[PDB]
Amino acid sequence: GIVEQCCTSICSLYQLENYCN
Amino acid sequence: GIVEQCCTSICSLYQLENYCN
Amino acid sequence: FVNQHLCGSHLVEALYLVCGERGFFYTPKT
Amino acid sequence: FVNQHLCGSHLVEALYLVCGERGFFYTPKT
Ligand SMILES: [Cl-]
Ligand SMILES: [Cl-]
Ligand code: NA
Ligand SMILES: [Zn+2]
Ligand SMILES: [Zn+2]
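Chains as they are written, first to last, in PDB author numbering: chain A, 1 to 21; chain C, 1 to 21; chain D, 1 to 30; chain B, 1 to 30.
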């Protein structure tokens with residue numbers, strides 16, 4: 001899911017910006 | 001508002017599900 | 001007044017716990 | 001920016017703290 005993204009793996013300044021509304 | 005509901009007023013755990021998915 | 005930038009940090013923190021696994025959506029307008 | 005494994009009351013506040021004035025969404029469901 002998303003955890004696999006930032007908690008499972010390290011996240012960068014913009015990969016979360018994909019997660020904003 | 002939500003920030004309007006717990007800022008000027010404190011809220012309890014149950015009263016938070018109102019904002020939960 | 002009352003500052004929401006701060007109010008949110010507690011709210012969002014707590015919300016995570018409360019909402020649990022079903023998840024949640026945070027709209028910084030209402 | 002910090003590069004870590006985002007979890008805990010550490011990441012949520014980052015997603016909030018980063019996304020800022022716009023908004024965000026959390027999906028505990030994988
Ligand atoms: Cl505070
Ligand atoms: Cl920890
Ligand atoms: Na903390
Ligand atoms: Zn505080
Ligand atoms: Zn921790």
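Hints are computed from structural coordinates only; laboratory data are not their basis.
Be aware that a few hints might be false.
Pairs of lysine to any residue residues, derived as SDA-like cross-links and limited to a Cα-Cα distance of at most 20 Å, are as follows [to be verified]:
hint, chain 1, residue 1, chain 2, residue 2
1, B, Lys29, A, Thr8
2, B, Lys29, A, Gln15
3, D, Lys29, B, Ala14
4, D, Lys29, B, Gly20
5, B, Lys29, A, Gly1
6, B, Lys29, B, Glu13
7, D, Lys29, D, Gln4
8, D, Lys29, D, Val2
9, D, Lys29, C, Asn21
10, D, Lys29, D, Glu13
11, D, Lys29, C, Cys11
12, B, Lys29, B, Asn3
13, D, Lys29, C, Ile10
14, D, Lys29, B, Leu17
15, D, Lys29, C, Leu16
16, D, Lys29, C, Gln5
17, B, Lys29, B, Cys7
18, D, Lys29, C, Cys7
19, D, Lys29, B, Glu13
20, B, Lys29, B, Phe1
21, D, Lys29, C, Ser9
22, B, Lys29, C, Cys11
23, B, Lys29, D, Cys7
24, D, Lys29, D, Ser9
25, D, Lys29, A, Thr8
26, B, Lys29, D, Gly20
27, D, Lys29, D, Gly8
28, B, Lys29, A, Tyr19
29, D, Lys29, B, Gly23
30, D, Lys29, D, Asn3
31, D, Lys29, D, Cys7
32, B, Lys29, A, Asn21
33, D, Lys29, C, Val3
Hints versus structure:
1. A distance of roughly 14 Å separates the Cα atoms of B/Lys29 and A/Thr8; the hinted pair therefore holds under the 20 Å criterion.
2. For the hint linking B/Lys29 to A/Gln15, the alpha-carbon distance of about 18 Å falls within 20 Å, and the restraint holds.
3. Annotation: proposed proximity of D/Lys29 to B/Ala14 holds, straight-line Cα distance about 18 Å (limit 20 Å).
4. With a C-alpha separation of about 11 Å, the suggested pair D/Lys29 and B/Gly20 falls inside the 20 Å cut-off, and the hint holds.
5. With a C-alpha separation of about 7 Å, the suggested pair B/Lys29 and A/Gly1 falls inside the 20 Å cut-off, and the hint holds.
6. As the CA atoms of B/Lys29 and B/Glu13 are separated by approximately 19 Å, the hinted pair is consistent with the 20 Å bound.
7. This hinted pair checks out: D/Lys29 and D/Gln4 have alpha carbons roughly 11 Å apart, not beyond 20 Å.
8. Among the hinted pairs, D/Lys29 with D/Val2 is consistent with the structure: their alpha-carbon atoms are about 15 Å apart, no more than 20 Å.
9. The straight-line distance between the Cα atoms of D/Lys29 and C/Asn21 is roughly 16 Å, inside the 20 Å bound, and the hint therefore holds.
10. At roughly 17 Å between alpha-carbon atoms, D/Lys29 and D/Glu13 fall within 20 Å of each other, so this suggested pair holds.
11. For the hint pairing D/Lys29 with C/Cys11, the CA-to-CA distance comes to about 18 Å; that is within 20 Å, so the pair holds.
12. Only pairs whose Cα atoms come within 20 Å are accepted, and B/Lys29 paired with B/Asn3 is rejected, the gap being roughly 23 Å.
13. The hinted pair formed by D/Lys29 and C/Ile10 meets the criterion: a straight-line CA distance of about 18 Å does not exceed 20 Å.
14. For the hint linking D/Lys29 to B/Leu17, the alpha-carbon distance of about 15 Å falls within 20 Å, and the restraint holds.
15. Taking the CA atoms of D/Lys29 and C/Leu16, the gap is about 17 Å. The hint holds against a cut of 20 Å.
16. For the proposed pair D/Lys29 and C/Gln5, the alpha carbon gap of about 12 Å is at most 20 Å, so the pair holds.
17. About 14 Å separates the Cα atoms of B/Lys29 and B/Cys7, which keeps this hinted pair within 20 Å; it holds.
18. Between D/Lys29 and C/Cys7 the CA atoms are separated by roughly 13 Å; this keeps the pair inside 20 Å, and the hint holds.
19. A C-alpha spacing of about 17 Å is found between D/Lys29 and B/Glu13, which places the hinted pair at or below 20 Å, so the restraint holds.
20. A C-alpha spacing of about 26 Å is found between B/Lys29 and B/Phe1, which places the hinted pair above 20 Å, so the restraint is violated.
21. For the proposed pair D/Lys29 and C/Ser9, the alpha carbon gap of about 17 Å is at most 20 Å, so the pair holds.
22. Only pairs whose Cα atoms come within 20 Å are accepted, and B/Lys29 paired with C/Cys11 is rejected, the gap being roughly 25 Å.
23. Only pairs whose Cα atoms come within 20 Å are accepted, and B/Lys29 paired with D/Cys7 is rejected, the gap being roughly 26 Å.
24. Restraint check for D/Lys29 and D/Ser9: the C-alpha separation of about 15 Å stays at or below 20 Å, so the hint holds.
25. Taking the CA atoms of D/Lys29 and A/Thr8, the gap is about 30 Å. The hint is violated against a cut of 20 Å.
26. As the CA atoms of B/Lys29 and D/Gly20 are separated by approximately 10 Å, the hinted pair is consistent with the 20 Å bound.
27. Taken as a hint, the D/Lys29 and D/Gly8 pair is honoured in the structure, with Cα atoms around 11 Å apart against an allowance of 20 Å.
28. Annotation: proposed proximity of B/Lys29 to A/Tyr19 holds, straight-line Cα distance about 14 Å (limit 20 Å).
29. The straight-line distance between the Cα atoms of D/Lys29 and B/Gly23 is roughly 8 Å, inside the 20 Å bound, and the hint therefore holds.
30. Distance hint between D/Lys29 and D/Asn3 is fulfilled; the C-alpha atoms sit about 14 Å from each other, no more than 20 Å.
31. At roughly 13 Å between alpha-carbon atoms, D/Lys29 and D/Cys7 fall within 20 Å of each other, so this suggested pair holds.
32. In summary, the hint linking B/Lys29 to A/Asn21 is supported, as the alpha carbons are separated by about 18 Å, within the 20 Å threshold.
33. Proximity of D/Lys29 to C/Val3 is assessed by CA-CA distance (about 8 Å); at most 20 Å being required, the pair is judged to hold.
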